[PDB]
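Enquirer: Next come the chains, spelled out residue by residue.
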Amino acid sequence: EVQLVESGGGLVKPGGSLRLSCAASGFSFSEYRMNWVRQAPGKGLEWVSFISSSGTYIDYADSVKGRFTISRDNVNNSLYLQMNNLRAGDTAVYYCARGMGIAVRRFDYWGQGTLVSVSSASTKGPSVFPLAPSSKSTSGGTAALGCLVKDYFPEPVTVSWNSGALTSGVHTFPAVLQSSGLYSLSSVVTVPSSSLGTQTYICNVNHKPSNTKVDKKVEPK
Amino acid sequence: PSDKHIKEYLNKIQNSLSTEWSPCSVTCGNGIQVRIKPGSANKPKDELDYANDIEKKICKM
Amino acid sequence: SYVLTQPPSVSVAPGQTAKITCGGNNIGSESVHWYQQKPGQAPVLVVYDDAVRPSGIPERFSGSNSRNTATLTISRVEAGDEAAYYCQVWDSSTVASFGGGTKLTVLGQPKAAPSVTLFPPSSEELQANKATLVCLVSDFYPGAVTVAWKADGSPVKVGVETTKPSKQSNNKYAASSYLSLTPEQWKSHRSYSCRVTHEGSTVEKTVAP
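Heads up: the protein sequence lines correspond to chains H, E and L, in order. As numbered in the deposited numbering, residues 1 to 52, 52A, 53 to 82, 82A to 82C, 83 to 100, 100A to 100C, 101 to 214 make up the first sequence, in order. According to the deposited numbering, the second sequence is numbered sequentially starting from 311. As numbered in the deposited numbering, residues 1 to 9, 11 to 95, 95A, 96 to 106, 106A, 107 to 208 make up the third sequence, in order.
To be clear, the hints were calculated from the coordinates, so they are not data collected in a lab. Possibly wrong hints are sitting among the right ones.
[Unchecked claim] The list that follows gives simulated cross-link-like pairs (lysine-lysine, PhoX-like), each with its CA atoms no further than 20 angstroms apart: (1) E:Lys366 <-> E:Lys347; (2) L:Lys39 <-> H:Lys43; (3) L:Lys129 <-> H:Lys117.
This is chain H alone, in the form it adopts within the complex:
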């Protein structure tokens, strides 16, 4: 019987602006301090701004000071956050949180959050580079070759090896989402060090969003 539903998350260019909403129901909105809390991917929570019951008292984290402006509409029971001149570090899941406590304060109720993603990113095929096996393990029983699939957008990418014939030692890693908004990932297969020079190893990268297919031969250098 208390819910907080945020809206307004999307993609924006660096230096652009966005405005988030939080629609509150099930509690007399006009007599509660509201907050915004954001969380970059894989990182911790960060308080951003708070506005008091009426709007007399307003503060911001130094991170967003000057660029963000929090506001509330106590007639429609809504909270807003106008975010200007957005940078990459602003990318995060934004939550609206209800404040409670007088002298020492907490956040008792939270919405599910809305994702804000600031990127100069457009559909882009990957650059596929070979990751040749290290000459220290070339003499032994096993070596690790691979492929680097760099700077592409959007997901996904498909990686295979020798056209589905090599699956045993294959480890294709989850992609990293860079500050730039593009993706990168690697795919490594473990092979017997004896087969280097006799067996050929090709990674088959296919990025359908860009109608880009790359089969890159990986040789020991």
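The hints should help you fit chains E and L onto chain H, whose structure is shown.
Expert: Quick look at chains E and L alone, frame taken from chain H:
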């Protein structure tokens, strides 16, 4: 009676906090009674400054 | 603003009791709160004002705040408690402040140290006036690692982008770390190292031009 205990107790009775004095924090010992200074009785309860809007007085037990 | 510092990871077996610490000099004088954030969902306030619980939170969750250490104890831990836990303070004299977060892990397997592999820039990537070092971490448990980079002997923090640890088919965790260099900085130094810390211990791999 520490400033910590006074602050935590205020959140304990937040719905009850009023212009009149509160129940004494304690049943065994010493604590504090708190009230909203008459001058601040029409102030929202989330906007109340702990020092200048809250009257505090110790209670012996 | 008051700074809070929590351990990155904390592991324990089912039915045992786990303690998640939140440290700060004279933190006992502040009133701490605690949140549970399971993957994908919103935080949930489990404990406020040091030790009081909201309605519905089970008795298993308990908070204390003594001197330089606040502690959220979780008794008879269940798998469902696997989440991230953030301590938080906000005295009305300053602004709010969160800890770094602690990843609780309820152990269903024996702890495993990570396997690391570091690849230097490819001659074909140097071709395009670029250089990317690829450090691949795999087969560790719990899913919590710190990755650090070190050129020659000093730390590097610009150009680094690291992933979330993600479960694999074997139920252990994987993560990758990419350090973007210019071809000049590459041949600049004599060494470049990927240092991966996990459960107090470290594995470090080195490559040289």
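Enquirer: So if I understand the rule, the pair passes when the alpha-carbon distance is 20 angstroms or less; does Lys129 (chain L) with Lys117 (chain H) pass?
Expert: holds, 17 angstroms
Enquirer: Does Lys43 (chain H) sit within 20 angstroms of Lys39 (chain L), going by the straight-line distance between their CA atoms?
Expert: holds, 13 angstroms
Enquirer: Can you confirm whether the C-alpha distance between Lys366 (chain E) and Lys347 (chain E) stays at or below 20 angstroms?
Expert: holds, 9 angstroms
In the structure shown, no violation is registered for any of the earlier numbered hints.
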